[PDB]
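Enquirer: Here is what each chain is made of, one letter per residue.
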Amino acid sequence: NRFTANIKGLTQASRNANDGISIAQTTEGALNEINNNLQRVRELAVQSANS
Amino acid sequence: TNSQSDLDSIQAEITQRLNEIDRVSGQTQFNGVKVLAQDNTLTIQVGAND
Numbered sequence: 052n053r054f055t056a057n058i059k060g061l062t063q064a065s066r067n068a069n070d071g072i073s074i075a076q077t078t079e080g081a082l083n084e085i086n087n088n089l090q091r092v093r094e095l096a097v098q099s100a101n102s
Numbered sequence: 103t104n105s106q107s108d109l110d111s112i113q114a115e116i117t118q119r120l121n122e123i124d125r126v127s128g129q130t131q132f133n134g135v136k137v138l139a140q141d142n143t144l145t146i147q148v149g150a151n152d
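So the protein sequences, as listed, match chains A and B.
Take the position in the first sequence, starting the count at 1, then add 51; the result is the number in UniProt numbering.
Take the position in the second sequence, starting the count at 1, then add 102; the result is the number in UniProt numbering.
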């Protein structure tokens, strides 16, 4: 009985962990978009600096 | 030798040339920036560094 419980818990635990990776990837997409927007802002600031 | 009626015409030319070098420096601009009207420093951001 103990082994069955562990096996169930491990698989389910494994099944939830994939979800954590998915959440990280989702955050990364948004973060990547933010970074892209930021790169443009820095370039614009450099252009803006000239007298 | 030059008469004073000569010097009047030469002065008319000289004042017109000086009005012209006052005009072409007073109102000349690259992107709305009077280059010769006033003295100042234009700083160029030539690098990613500050």
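There may be inaccurate statements among the hints.
Simulated restraints on C-beta separations [as the list claims (entries may be wrong)]:
{"hint": "1", "chain 1": "A", "residue 1": "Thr77", "chain 2": "B", "residue 2": "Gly149", "range": "43 to 51 angstroms"}
{"hint": "2", "chain 1": "B", "residue 1": "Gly149", "chain 2": "A", "residue 2": "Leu89", "range": "13 to 21 angstroms"}
{"hint": "3", "chain 1": "B", "residue 1": "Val126", "chain 2": "A", "residue 2": "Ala100", "range": "27 to 35 angstroms"}
{"hint": "4", "chain 1": "B", "residue 1": "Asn133", "chain 2": "A", "residue 2": "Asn88", "range": "25 to 33 angstroms"}
{"hint": "5", "chain 1": "A", "residue 1": "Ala100", "chain 2": "B", "residue 2": "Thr117", "range": "35 to 43 angstroms"}
{"hint": "6", "chain 1": "A", "residue 1": "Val97", "chain 2": "B", "residue 2": "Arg119", "range": "40 to 48 angstroms"}
{"hint": "7", "chain 1": "B", "residue 1": "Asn133", "chain 2": "A", "residue 2": "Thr77", "range": "37 to 45 angstroms"}
{"hint": "8", "chain 1": "A", "residue 1": "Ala75", "chain 2": "B", "residue 2": "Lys136", "range": "49 to 57 angstroms"}
{"hint": "9", "chain 1": "B", "residue 1": "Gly149", "chain 2": "A", "residue 2": "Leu82", "range": "48 to 56 angstroms"}
{"hint": "10", "chain 1": "B", "residue 1": "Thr145", "chain 2": "A", "residue 2": "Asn67", "range": "53 to 61 angstroms"}
{"hint": "11", "chain 1": "A", "residue 1": "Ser99", "chain 2": "B", "residue 2": "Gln140", "range": "34 to 42 angstroms"}
{"hint": "12", "chain 1": "A", "residue 1": "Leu82", "chain 2": "B", "residue 2": "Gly134", "range": "36 to 44 angstroms"}
Honestly, the hints are just simulated from the structure, not real lab data.
Each residue gets a CB set at the ideal place from its N, CA and C atoms; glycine is no exception.
Enquirer: Would you pick out the hints that fail for this structure and give their numbers low to high?
Expert: When the structure is compared with the hints, numbers 1, 9, 11 turn out to be violated.
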